[PDB]
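Enquirer: Listed below, chain by chain, are the residues.
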Amino acid sequence: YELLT
Amino acid sequence: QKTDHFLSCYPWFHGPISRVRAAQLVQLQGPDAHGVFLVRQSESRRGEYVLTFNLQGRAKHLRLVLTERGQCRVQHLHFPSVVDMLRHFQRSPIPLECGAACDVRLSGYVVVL
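Protein sequence lines, in the order shown, are assigned to chains B and A. Residue numbering for the first sequence follows the entry's author numbering, starting at 5 and increasing by one per position. Residue numbering for the second sequence follows the entry's author numbering, starting at 325 and increasing by one per position.
For reference, chain B alone in the conformation it holds in the complex:
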């Protein structure tokens, strides 16, 4: 699952 910065 992608993580935002």
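These are calculated hints, taken from the structure and not from any lab test. The C-beta atom is built at its ideal place from N, Cα and C for all residues, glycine as well. A hint or two may mislead.
What the hints assert, rightly or not - Have a look at the derived ranges for each label pair, beta carbon to beta carbon:
#1 A:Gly371 to B:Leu8: 19 to 25 Å
#2 A:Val436 to B:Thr9: 26 to 32 Å
#3 B:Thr9 to A:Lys326: 31 to 37 Å
#4 A:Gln380 to B:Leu8: 16 to 22 Å
#5 A:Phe330 to B:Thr9: 26 to 32 Å
#6 A:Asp328 to B:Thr9: 16 to 22 Å
#7 A:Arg411 to B:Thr9: 16 to 22 Å
#8 A:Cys333 to B:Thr9: 15 to 21 Å
#9 A:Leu437 to B:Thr9: 31 to 37 Å
#10 A:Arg345 to B:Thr9: 26 to 32 Å
#11 B:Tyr5 to A:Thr391: 29 to 35 Å
#12 B:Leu8 to A:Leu437: 17 to 23 Å
#13 B:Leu8 to A:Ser368: 23 to 29 Å
#14 B:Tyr5 to A:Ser416: 27 to 33 Å
What the hints assert, rightly or not - Covered stretches of chain A, going by a simulated chain B footprint (3 or more residues, C-beta under 8 Å):
#15 382-388
#16 401-409
The hints should help you fit chain A onto chain B, whose structure is shown.
Expert: Relative to chain B, chain A alone:
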């Protein structure tokens, strides 16, 4: 579910499709489909949702949490609705942790059957 009934009016909502199927749906047209997305239920976190999208041919998956009133939370970001979240990412890039080579705005979507 109750929350998933209002999402079911949208052409880009695919409900309970698997991660793998959603990936292949958005990857079908290759890098020509950069930015193409769909929204589905999460299979690993029941009740949560996922934005699956094409980033230069590869599928990415971003968790979406819907509140009781239908507000949409994407980690630190908050949006009044799922639709507002989609429209936002159509006109500003998704701030993914992989930064530079990971520049993407949402374009079209995979229409549910």
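Enquirer: Taking the hints in turn, state whether each one holds.
Expert: Hints and how they fare:
About 21 Å separates the C-beta atoms of A:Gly371 and B:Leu8, a value consistent with the hinted range of 19 to 25 Å. The hinted window of 26 to 32 Å between A:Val436 and B:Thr9 holds, with their beta carbons roughly 31 Å apart. Between B:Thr9 and A:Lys326 the C-beta distance comes to about 33 Å, which sits within the given range of 31 to 37 Å. A:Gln380 and B:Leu8 have their C-beta atoms about 18 Å apart, which keeps the hinted 16 to 22 Å range intact.
For the pair A:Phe330 and B:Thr9, the beta carbons lie near 30 Å from each other, so the given range of 26 to 32 Å is met. Against the hinted window of 16 to 22 Å, the Cβ-Cβ separation of A:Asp328 and B:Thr9 comes to about 29 Å, which falls outside the hint. Roughly 21 Å separates the CB atoms of A:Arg411 and B:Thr9, a value that falls within the hinted 16 to 22 Å. In this structure, A:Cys333 and B:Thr9 break the distance hint of 15 to 21 Å, their C-beta atoms being roughly 32 Å apart.
Between A:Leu437 and B:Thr9 the beta carbon distance is about 35 Å. The supplied range of 31 to 37 Å therefore holds. Evaluation of the 26 to 32 Å hint for A:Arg345 and B:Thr9 yields a pass: the beta carbon distance comes to about 28 Å. At roughly 19 Å, the beta carbons of B:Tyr5 and A:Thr391 sit outside the given window of 29 to 35 Å. A C-beta distance of roughly 31 Å is found between B:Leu8 and A:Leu437, which places it outside the suggested range of 17 to 23 Å.
Between B:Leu8 and A:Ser368, the C-beta spacing of about 18 Å breaks the proposed range 23 to 29 Å. With their beta carbons about 21 Å apart, B:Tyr5 and A:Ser416 fall outside the hinted range of 27 to 33 Å. Coverage of the stretch 382-388 of chain A by chain B holds [criterion: at least 3 residues with CB-CB distance below 8 Å; count 4]. Taking a C-beta to C-beta cut-off of 8 Å, the stretch 401-409 of chain A contributes 1 residues in contact with chain B, too few for the three needed, and the coverage statement is violated.
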